[PDB]
Amino acid sequence: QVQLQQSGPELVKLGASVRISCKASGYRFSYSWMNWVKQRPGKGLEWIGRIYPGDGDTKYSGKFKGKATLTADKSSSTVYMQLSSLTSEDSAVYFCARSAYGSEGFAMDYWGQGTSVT
Amino acid sequence: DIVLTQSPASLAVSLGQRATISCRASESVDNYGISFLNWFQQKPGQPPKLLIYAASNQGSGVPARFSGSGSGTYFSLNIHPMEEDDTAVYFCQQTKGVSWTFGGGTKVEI
Amino acid sequence: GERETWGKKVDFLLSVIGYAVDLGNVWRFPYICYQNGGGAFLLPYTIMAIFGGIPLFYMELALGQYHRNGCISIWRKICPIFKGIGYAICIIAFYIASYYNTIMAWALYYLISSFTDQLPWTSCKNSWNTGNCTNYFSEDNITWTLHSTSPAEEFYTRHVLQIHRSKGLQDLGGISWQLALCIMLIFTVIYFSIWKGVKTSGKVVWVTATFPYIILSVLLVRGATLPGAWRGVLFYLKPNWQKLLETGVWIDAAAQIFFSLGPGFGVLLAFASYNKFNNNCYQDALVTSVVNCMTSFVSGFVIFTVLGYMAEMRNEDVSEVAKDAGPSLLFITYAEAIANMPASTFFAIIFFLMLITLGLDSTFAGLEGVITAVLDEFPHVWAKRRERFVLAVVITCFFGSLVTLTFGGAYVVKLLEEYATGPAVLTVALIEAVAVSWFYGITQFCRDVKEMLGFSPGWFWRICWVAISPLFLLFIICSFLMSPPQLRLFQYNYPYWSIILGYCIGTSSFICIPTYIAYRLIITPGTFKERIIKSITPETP
Ligand SMILES: N#Cc1ccc2[nH]cc(CCCCN3CCN(c4ccc5oc(C(N)=O)cc5c4)CC3)c2c1
Ligand SMILES: CN(C)CCCN1c2ccccc2CCc2ccccc21
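Protein chains in written order, with our numbering: chain A, 306 to 423; chain B, 6 to 115; chain C, 11 to 551.
One should not assume that every hint holds.
Subject to a maximum C-alpha distance of 25 Å in a straight line, what follows is the list of computed DSS-like cross-link-like pairs (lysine-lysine) [said to hold, decoys possible]:
#1 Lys328/A x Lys48/B
#2 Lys101/B x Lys54/B
#3 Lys101/B x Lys209/C
Pairwise CB distance ranges, derived in the manner of DEER restraints [claimed, not checked]:
#4 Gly367/A x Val308/C: 50 to 58 Å
#5 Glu32/B x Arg398/C: 41 to 49 Å
#6 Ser15/B x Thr126/C: 42 to 50 Å
#7 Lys328/A x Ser72/B: 32 to 40 Å
#8 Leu156/C x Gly361/A: 25 to 33 Å
#9 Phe202/C x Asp360/A: 25 to 33 Å
To list a few chain C residues with every Cβ distance to chain A over 10 Å, as calculated [unchecked claim]:
#10 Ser133
#11 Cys134
#12 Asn288
#13 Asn289
#14 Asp334
#15 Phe399
#16 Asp458
#17 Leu481
#18 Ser489
#19 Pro535
Because the hints were derived from the structure by calculation, they are not lab data.
All C-beta atoms in this analysis are idealised placements derived from N, C-alpha and C, irrespective of residue type, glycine included.
With these hints in hand, go ahead and build the complete structure from the sequences.
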């Protein structure tokens, strides 16, 4: 079985920084990506970034590279993303999707609980 | 960055009709034969459970109602006639590099 | 319009040794040299070379240097009925330039796809499945599964080949545009290298045939420096005399030495048909064979010091490490070892550069052979416009090689590799040897060599060309004329109609010989006896 876990909710402060955690278990996590999406309340999902624990290959999109630097800790089976300059627009949930193998089309099979920040 | 246009953004389909959800893009996301694209479903207050691998292959633990077709630019989700339990928002998340993108979502209801 | 001589003597001595070492000496010689003993293979390599590959080499060179008339038009001076050998060797060159440039296209793709600072063989990205990934040895844990495949294997069978989109020879639709425009550059280089004959095909060799050695030296140094070189070199040089008892080692050694020296393929004739008359056709036919053998030996050292490093790192002996065909053995395990080497992105660029250069000159020679043959065959409709008909042969070889570049790819390349080099080419070579030896009296073939060089051939070659070579070619023909073809690459069992297709491909050759024999026997008048005796003797106007 595959299941993911995250931390609890936090508070959105002007200019503060927050570290969203995301665990992983039940599979060799050193070869599957760990995506991150931002589902703002009322609107659709939005892709934040990407990471590949085992090579450090991280991708981003639309200035999220300077706002959310992802970090993978392959020891405790956890991945991080150090947010910074939390603007009032960044008050949303932050899922932690696991991209599947490449042959399946990079399927975001399993998703975390959701670390909503308000 | 790829643009993922979805239409219609709202399907007012009842119980007994086959609803459709289109998903177009600039690419041509067909890569190495396996068309890089997926379909999700976000029920109110739930994580986006996955539906379709590569817009053709079923997911995991999903009934055979949610079919899938299309290749190249036009990808469609011809959902089988369902009941009021499958009222949610369906996204079209491509995966061709280098930065993936999510659709706008097409909420369905009677 | 005389025969355009070479620039220098070294200009031909280098061209022939560039033609010699093409791909056997770089991947197949170690792979065939560890399966057959390891140390008990060099002896049946040398005592088979000296008996069946070097005498044929020297015979081809002396024949081409004395007659100076190519490959298809030399038969009107040797034996009229055997003039079909030229058309047969042209069909053979078509098939082989069809299946041979695909490997160079793959090598050029690896070259142009290795400029990234991080080579795409260490990680495991989209087009490279992860469910069967992770078999790369650069991991601390001992997790392993019989289904896991290394990332280099997925790169070779899912990105360049895209073989996952072809269920075999039953369907191979879709052409790899990234390879279709990649082999076009190689064919452009080929045409722009042999678009003038020899005045440029010799100058190109000055950099295409000596550059593989400059790269092999540094690769051998790096391999010997590797942590675990000796564990592989010892296995490369470990003799197993119990393997020498089986005839398989002798068959493999004979096939390897013949298809590495390449005598009688209508190219050594075309090369020797260019240099001067009084040129020493012995000191260049005796050095090319030993240079080819030493090149195979050094490349075996390189390949197996790399394999020994890989086995020592994977915590497993040299066995059960990349046990597959040649192209896989050079594009998967060696590619992974290069991707794990310290100074990566440099030992891949130069490796693929050398891999494409030691094939470019070989294809240059293989095409120039039949080009010179067809040119000096018809010196009226041709030999005035050599700028043309080279574009024609190149476009023909390209349109024939357009089937090996589809998503099927290796599924047709392996077939054309192990069917177009079967008993057809060997029967052509046997008929050539028995025509130069038995029909054309070897007394004249010694008198002319004596009057050309200055001394008659010794009693060694005098007995070999009549008793050893025509026997060791009949043996190498009858060896796998009965062996069941079981190609089976990438765990794909070939259908039964593939055997009929291979038989028909072989029959495409060796049909021209009886065709022309009949066409020549019908024209000459008289009874059967005089009809034979007429077209056995040379013209001699
Ligand atoms: N017609 C027909 C017919 C009928 C009945 C048959 N039974 C079986 C067959 C074919 C089975 C394969 C025969 N092989 C195998 C290997 N082989 C070879 C070995 C070393 C080498 O080195 C090089 C190189 N350096 O290029 C090239 C090269 C090639 C040449 C021929 C067959 C065919
Ligand atoms: C076998 N190496 C040494 C010869 C060069 C490649 N050569 C080959 C390669 C494999 C088998 C036979 C032949 C005959 C010569 C020929 C003619 C035209 C194009 C390629 C080839």
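Do the hints match the structure? See the list:
1. A C-alpha spacing of about 23 Å is found between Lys328/A and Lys48/B, which places the hinted pair at or below 25 Å, so the restraint holds.
2. About 20 Å separates the Cα atoms of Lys101/B and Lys54/B, which keeps this hinted pair within 25 Å; it holds.
3. Proposed proximity of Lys101/B and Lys209/C is contradicted: the alpha carbons are some 50 Å apart, above 25 Å.
4. Taking 50 to 58 Å as the suggested C-beta distance range, the pair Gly367/A and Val308/C conforms, at roughly 54 Å.
5. Between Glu32/B and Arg398/C the CB atoms are about 43 Å apart, so this pair conforms to the stated range of 41 to 49 Å.
6. Range check, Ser15/B to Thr126/C: Cβ separation about 44 Å, and the 42 to 50 Å hint holds.
7. The hint said 32 to 40 Å for the Cβ distance between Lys328/A and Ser72/B, and at roughly 34 Å that hint holds.
8. For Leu156/C and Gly361/A, the hinted distance range of 25 to 33 Å is satisfied, since their beta carbons lie about 30 Å from each other.
9. Here the CB-CB span from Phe202/C to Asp360/A is close to 41 Å, at odds with the stated 25 to 33 Å.
10. With a cut of 10 Å on Cβ distances, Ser133/C falls inside the contact zone with chain A, its closest approach being about 5 Å.
11. Residue placement check: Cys134/C does not keep its beta carbon more than 10 Å from all beta carbons of chain A (closest about 6 Å).
12. With 10 Å as the threshold on Cβ separation, the claim that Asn288/C sits away from chain A holds: the shortest Cβ distance comes to roughly 64 Å.
13. No beta-carbon of chain A comes within 10 Å of the beta-carbon of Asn289/C; the shortest separation is about 58 Å.
14. Interface exclusion of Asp334/C from chain A stands, the closest Cβ pair being 21 Å apart, more than 10 Å.
15. Once the 10 Å rule is applied to beta carbons, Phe399/C is consistent with being away from chain A; the minimum gap is 47 Å.
16. With 10 Å as the threshold on Cβ separation, the claim that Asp458/C sits away from chain A holds: the shortest Cβ distance comes to roughly 65 Å.
17. At roughly 53 Å from the closest C-beta of chain A, the C-beta of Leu481/C stays outside 10 Å, upholding its exclusion from the interface.
18. No beta-carbon of chain A comes within 10 Å of the beta-carbon of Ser489/C; the shortest separation is about 42 Å.
19. Once the 10 Å rule is applied to beta carbons, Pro535/C is consistent with being away from chain A; the minimum gap is 71 Å.
Of the numbered hints stated above, those contradicted by the structure are hints 3, 9, 10, 11, listed in ascending order.
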